[PDB]
Amino acid sequence: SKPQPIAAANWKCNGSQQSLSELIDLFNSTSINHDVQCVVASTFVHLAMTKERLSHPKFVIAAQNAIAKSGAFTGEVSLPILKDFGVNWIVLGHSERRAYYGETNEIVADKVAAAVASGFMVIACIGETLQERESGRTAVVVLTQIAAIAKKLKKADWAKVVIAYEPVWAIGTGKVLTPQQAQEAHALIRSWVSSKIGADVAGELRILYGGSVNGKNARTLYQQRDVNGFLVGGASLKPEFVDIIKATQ
Amino acid sequence: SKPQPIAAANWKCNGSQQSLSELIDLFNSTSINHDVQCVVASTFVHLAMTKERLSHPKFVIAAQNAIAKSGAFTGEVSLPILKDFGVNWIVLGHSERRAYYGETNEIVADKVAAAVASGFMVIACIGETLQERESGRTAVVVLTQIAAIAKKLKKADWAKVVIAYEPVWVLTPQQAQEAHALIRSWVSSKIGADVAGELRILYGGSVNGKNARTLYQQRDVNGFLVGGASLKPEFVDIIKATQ
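As you go down the protein sequences, you meet chains B and A in turn. The opening position of the first sequence corresponds to residue 2 in the entry's author numbering, with each subsequent residue numbered one higher. Sequence positions in the second sequence follow the entry's author numbering and run 2 to 170, 177 to 250.
Everything labelled a hint here was simulated from the structure, so no lab data went into it. No residue lacks a Cβ here, since even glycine has one placed at the ideal position from N, Cα and C. Hints should not be assumed to be uniformly reliable.
Claimed, not checked - Computed footprint of chain A on chain B, listed as stretches where at least three residues anywhere in the stretch have a Cβ under 8 Å from a Cβ of chain A: (1) 68-74; (2) 133-145; (3) 154-163; (4) 189-201; (5) 211-222.
Unchecked claim - The calculated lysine-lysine pairs, modelled on DSSO-like cross-linking and capped at a C-alpha distance of 30 Å, are: (6) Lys70/A <-> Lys155/A; (7) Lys152/B <-> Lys176/B; (8) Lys176/B <-> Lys155/A; (9) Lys155/A <-> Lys84/B; (10) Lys84/A <-> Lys70/B; (11) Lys155/A <-> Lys52/B; (12) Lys161/B <-> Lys247/B.
Said to hold, decoys possible - Listed next, with one range per pair, are the computed distances between beta-carbon atoms: (13) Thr105/A <-> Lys239/B: 31 to 37 Å; (14) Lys176/B <-> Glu107/A: 30 to 36 Å; (15) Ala140/B <-> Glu185/A: 37 to 43 Å; (16) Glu205/A <-> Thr31/B: 50 to 56 Å; (17) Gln18/A <-> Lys239/B: 29 to 35 Å; (18) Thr105/B <-> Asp201/A: 30 to 36 Å; (19) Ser17/B <-> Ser22/A: 25 to 31 Å; (20) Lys176/B <-> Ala188/A: 54 to 60 Å.
Generate coordinates for the entire structure from the input sequences, incorporating the hints supplied.
Next up, the structure:
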């Protein structure tokens, strides 16, 4: 018996107006007759269209990134701009931003804290690389990442936080986690939360699996006890995202 | 008898749906009696609103950044996405991106080249810091920056290129003119005199409705990339100053 599951679509840097409209239409026509929060994280460009067309009662829209405040930050989008635009969910600290776009543990923590303070529901991403899972220090890496985030939050703030575990070490080497391995990473995270934040928060916290999930593999991943849904990349651009939602039954 | 001037509004990371709509209404109601390309560079989020509402026949919309291709780049917007969305202008290599967000000379050059290949009009930004200027290396720095860009481009590509000179550190008309002349001279020398004659070099320092007229008077100034003042009614005066 778990907290409410989340099925989150990370469209990453993809989509045309037509391909995304067809996806949205599919989502809109889909019966979801169980309790789940579905999330569509579109590009900043596609937020207007997604707001306009996404009408399914079980779906909210999310941004894939942001900075804390408006200002002289050419090219960037701030939390007040998203809030003014009616967007109340955000994915922060994706492994790609940590790798490509200079986001350290602290920068992620600061973005998460600013987003919570501003009233967002936040999917905060953490996860070890292969270099680190090899030196016998998976635990060290992901717990250090979450500690950085926690440092800047109050106990009450965790109600608005969702953790997404990304096994970056698996990313594009064709190799995928066993459900046992996914469970172990999630259990390690929850145990840390129970221990440093509190058993209450830890029981309620959604920890989403953020490795490569598809329509075939989602059900047995969700069966694991500390898995509370998914942050989905590639398959979220496909009709099979509907099967992934159904797998959180 | 310069090339067609450009008055470009760099809104940076600013705006509400309300405040930006008010501004757009002002721009729409404005009479502009000369040939000038006005450009509104809004945040990605406000592109849809600006596309719908902005109707002045002398205005186009621009993005303030992009990456070259669609893919697994969470948080970013690619050139194909913008092109699908009907955005044909883009600002690239702005000092804040160079400063904060890892855009080296080569990265800027690659983005610029990809945007031209993709069919975009590109406002490519170059400019030296305060320390660079004070030590006397304005010329080395900005010519190195434009050389990196030119390295990734072909002659015919310069038709879709606009240079914004953005001294990162108020510039007298004389100091602005010197930087613009230095840039044009390099372009004449490397690409051809015909291309340098046609090239817009926009002044992208701190421009206001009050100082824009005398800056535009200089031989090699072809308009403006405007920061703070572009969020204000006085942007209309800045447009008028390109007469």
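The hints, checked one at a time:
no. : hint                              : verdict
1   : 68-74                             : holds (count 5)
2   : 133-145                           : violated (count 0)
3   : 154-163                           : violated (count 0)
4   : 189-201                           : violated (count 0)
5   : 211-222                           : violated (count 0)
6   : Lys70/A <-> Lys155/A              : holds, 20 Å
7   : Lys152/B <-> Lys176/B             : violated, 33 Å
8   : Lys176/B <-> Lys155/A             : violated, 42 Å
9   : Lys155/A <-> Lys84/B              : violated, 43 Å
10  : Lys84/A <-> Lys70/B               : holds, 28 Å
11  : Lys155/A <-> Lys52/B              : violated, 41 Å
12  : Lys161/B <-> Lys247/B             : holds, 24 Å
13  : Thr105/A <-> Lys239/B: 31 to 37 Å : holds, 36 Å
14  : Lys176/B <-> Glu107/A: 30 to 36 Å : holds, 33 Å
15  : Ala140/B <-> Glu185/A: 37 to 43 Å : violated, 59 Å
16  : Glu205/A <-> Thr31/B: 50 to 56 Å  : holds, 54 Å
17  : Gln18/A <-> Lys239/B: 29 to 35 Å  : holds, 32 Å
18  : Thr105/B <-> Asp201/A: 30 to 36 Å : violated, 48 Å
19  : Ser17/B <-> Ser22/A: 25 to 31 Å   : holds, 26 Å
20  : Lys176/B <-> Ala188/A: 54 to 60 Å : holds, 58 Å
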